[PDB]
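Quick setup: one chain, the form solved without its partner chain, written in structure tokens, and binding and motion questions come after.
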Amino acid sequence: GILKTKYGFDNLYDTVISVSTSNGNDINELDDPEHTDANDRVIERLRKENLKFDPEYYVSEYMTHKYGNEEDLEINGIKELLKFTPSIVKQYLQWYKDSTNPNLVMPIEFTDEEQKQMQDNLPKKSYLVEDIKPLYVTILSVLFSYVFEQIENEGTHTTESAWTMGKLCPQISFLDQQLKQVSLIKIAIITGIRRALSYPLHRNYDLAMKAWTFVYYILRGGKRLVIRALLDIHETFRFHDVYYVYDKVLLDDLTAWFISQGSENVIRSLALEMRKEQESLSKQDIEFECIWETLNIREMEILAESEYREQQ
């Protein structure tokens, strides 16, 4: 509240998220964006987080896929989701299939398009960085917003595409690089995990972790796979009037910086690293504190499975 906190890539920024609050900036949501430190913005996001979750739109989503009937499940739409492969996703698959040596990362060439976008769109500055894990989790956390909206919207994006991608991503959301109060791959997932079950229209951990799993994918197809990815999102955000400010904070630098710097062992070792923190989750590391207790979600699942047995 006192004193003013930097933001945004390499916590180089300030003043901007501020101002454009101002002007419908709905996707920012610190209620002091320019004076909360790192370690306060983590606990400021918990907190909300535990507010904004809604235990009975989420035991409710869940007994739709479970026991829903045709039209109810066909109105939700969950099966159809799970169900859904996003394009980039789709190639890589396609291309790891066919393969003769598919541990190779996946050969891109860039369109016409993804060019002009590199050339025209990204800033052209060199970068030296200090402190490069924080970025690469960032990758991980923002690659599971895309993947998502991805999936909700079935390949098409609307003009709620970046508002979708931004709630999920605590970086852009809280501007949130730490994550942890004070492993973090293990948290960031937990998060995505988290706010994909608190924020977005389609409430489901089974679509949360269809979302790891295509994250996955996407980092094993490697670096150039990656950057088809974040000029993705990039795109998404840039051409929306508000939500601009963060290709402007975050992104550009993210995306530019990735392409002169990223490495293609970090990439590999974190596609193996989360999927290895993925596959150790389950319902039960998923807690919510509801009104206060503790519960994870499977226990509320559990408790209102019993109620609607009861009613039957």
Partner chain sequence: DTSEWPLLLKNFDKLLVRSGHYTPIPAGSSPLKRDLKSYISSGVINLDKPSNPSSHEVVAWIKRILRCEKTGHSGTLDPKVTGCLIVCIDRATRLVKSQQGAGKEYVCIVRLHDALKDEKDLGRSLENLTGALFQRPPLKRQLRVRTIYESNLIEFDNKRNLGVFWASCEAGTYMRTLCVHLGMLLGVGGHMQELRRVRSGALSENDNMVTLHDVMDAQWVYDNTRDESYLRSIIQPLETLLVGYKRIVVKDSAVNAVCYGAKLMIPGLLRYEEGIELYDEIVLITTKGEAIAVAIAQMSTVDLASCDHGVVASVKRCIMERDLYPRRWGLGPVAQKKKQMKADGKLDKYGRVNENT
Contents of the next structure:
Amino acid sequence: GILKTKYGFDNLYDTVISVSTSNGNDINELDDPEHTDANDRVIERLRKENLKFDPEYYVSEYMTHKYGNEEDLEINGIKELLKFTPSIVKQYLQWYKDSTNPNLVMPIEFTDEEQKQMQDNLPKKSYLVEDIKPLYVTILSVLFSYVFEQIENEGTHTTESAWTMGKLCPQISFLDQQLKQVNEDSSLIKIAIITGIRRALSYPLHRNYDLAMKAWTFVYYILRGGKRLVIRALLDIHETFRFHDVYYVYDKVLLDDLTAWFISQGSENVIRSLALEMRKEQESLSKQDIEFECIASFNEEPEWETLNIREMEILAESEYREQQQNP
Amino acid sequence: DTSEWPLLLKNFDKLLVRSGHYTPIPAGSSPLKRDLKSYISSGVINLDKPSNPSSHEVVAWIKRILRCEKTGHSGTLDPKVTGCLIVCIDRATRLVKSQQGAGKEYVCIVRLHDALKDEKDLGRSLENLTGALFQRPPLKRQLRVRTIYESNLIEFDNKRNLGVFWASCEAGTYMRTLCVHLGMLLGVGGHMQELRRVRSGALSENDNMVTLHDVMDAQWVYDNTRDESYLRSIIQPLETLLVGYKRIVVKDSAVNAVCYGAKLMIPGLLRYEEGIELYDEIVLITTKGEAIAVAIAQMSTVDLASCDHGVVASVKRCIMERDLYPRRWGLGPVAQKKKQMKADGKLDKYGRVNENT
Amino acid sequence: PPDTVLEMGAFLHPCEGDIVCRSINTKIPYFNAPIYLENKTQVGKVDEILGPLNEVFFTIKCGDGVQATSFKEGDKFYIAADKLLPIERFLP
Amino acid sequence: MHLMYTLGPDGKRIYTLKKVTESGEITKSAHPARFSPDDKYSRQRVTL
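What I would like now is the form solved in complex with its partner chain, since the data block earlier showed the form solved without its partner chain; can you produce it?
Up next: the whole complex, starting with the chain shown before.
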């Protein structure tokens, strides 16, 4: 009608994204970034995740992990990926083993390069934020993106690292902080975790439920490490976006502020609490909750059939027998 | 004999082989044997820009004429230049960044503001301004260093006070500054009278340079007679801009990973070019000769021959789409099979597929 | 009033009302950096900087009532030592 | 415009300011003709 619908950190930003699409921003997935409210963003995302998800790609990836040979498995990568531990997780795990009280926060001394980042690259300002609960959940979401990226890439960033992270993160590719629809069941943290999984089975190179789950376990570990370990990850995420001459924009509208805010207003108790909260939700989940609407046709328009990811593996393994049998 | 094959496929048997075992995935087409919509979408026109409407307006005209999602282009430094403008269409836009940082050659007419007391002086001041030069942008304008690799005075007419010369230079070098600088170095003062760009990166005015009139015709001819041959001749496939680069062909199975930015590993290696030095910029290609990505090599050809494990190349720039080569197990539409499980029972009480055997 | 001063330029020739100089410093002038004679009087300011990395030249925009043609070869030109950047700040 | 050429023996352009060379070849403008986006003469120009 008139006014743009603000987005990003505390809904302060506009225009920036819209402009970036003319400049090669292919992370954004909103059809109309400047004129789409929070609820409509959900509607739009959920529907687009369905069109994006590819079951034939999903089953291929599963079958390879379970039934492919030594050769096909090494081309794919999945077995190695699942053995891998990101540098940040690894220094938490190391603290854990040595510590006689695994329940405390983990002491971090920020590196010289990290001190420099915090002076130079982040906004210096106070943050009056009344509504901080969507900011923590964004942290929860973005960490999953990061951890997934570290695993899939085995510790070394690449020229699509920001794209991978931005895709797995609903607050970035869809500017969506609400996550849960409202119209006229489940925790918000439980949705964030389901969203992470569903996107990790539709967008990246490796689409694998175990992987998604592994990435989430590692998120819980970093959280348990405490605020200072979360900041260390936030700093890496931030750089990966800043260093990109197109996607730097997501620092502008979201990560610039989010990391600066977190450094000063970030609570240690809220972090730990989020950690134990998200672990419960993750552990209450199974393949049965991961549903996608997939396509079968109809002529008398396309008709969607709903099936969870476990149903897809049984139909695969069932038809796999007929192939192994008949010839 | 394979030295008759088009573009990136020239001299394919002059690539040192690695693996013998593999199976060709039906997806994708070779660059020359692409089909219209996607040929155009990997398209590149070496345009002779007319001396007038700005580079952006002209590209806009190409967009309106062809009708396509995106167009970008090789460089804009001077607005009245004629000559090579490489207009990229759709997926080819992926390569404009490189095309813009690509070396450019010019033919320039300088206007001196008074007659030189020694004609031979210009050639000398031109010779003076080669290699790393200082240069501040003309009419946000910071002093930078640009290199002029070679120049050459072609012709000088002291009475008319006009000189015509060639310069080869780093991207970002301004010819209208160059002209002002000769002006100052000669005392009489000077400025750029006119300019023509004779090469932009891997494309010179000799390599199939077409005009806006050709673009309009080629499009008219399809829209009215459905013949493509025209349209398909003015548009060269992006793989053109990559002939110079050394080549690694990638196993069909490993292609998609490169499209997501992942390293290329030994298991994924199929063939390699001789004399590839550690850190070179290489192109990675399908066996159909499609450019997957431009990559930084990580293993010398000698290493690439003897190595059991190891990473071969990191991706500098993804060109190819993400799910062009998905690795389908070729089972059968999973969703569609659940429609037939409603149509025949066998589905459980809750409507979900039975874990049964 | 100026303080500590460095050798900057040596007069090469005039050019449409400006002073062109061969460089005699190892450092690079600021834009608009005021230029002085030995008797420390402001003759104008730095305009254009040009030439190769080894053989820099620059132009002086002449200050109010200063003729470009009222100088000769040799005549040195000077700059405030604080208004100079090392060559390192432009290289890769 | 001032920039003119003739094709050398090798096939490539030889640039010059002169309207006719030293060897008596009449020279061509180096620059392409202006283009007008609305040019209904596409059909006439294509048959030749």
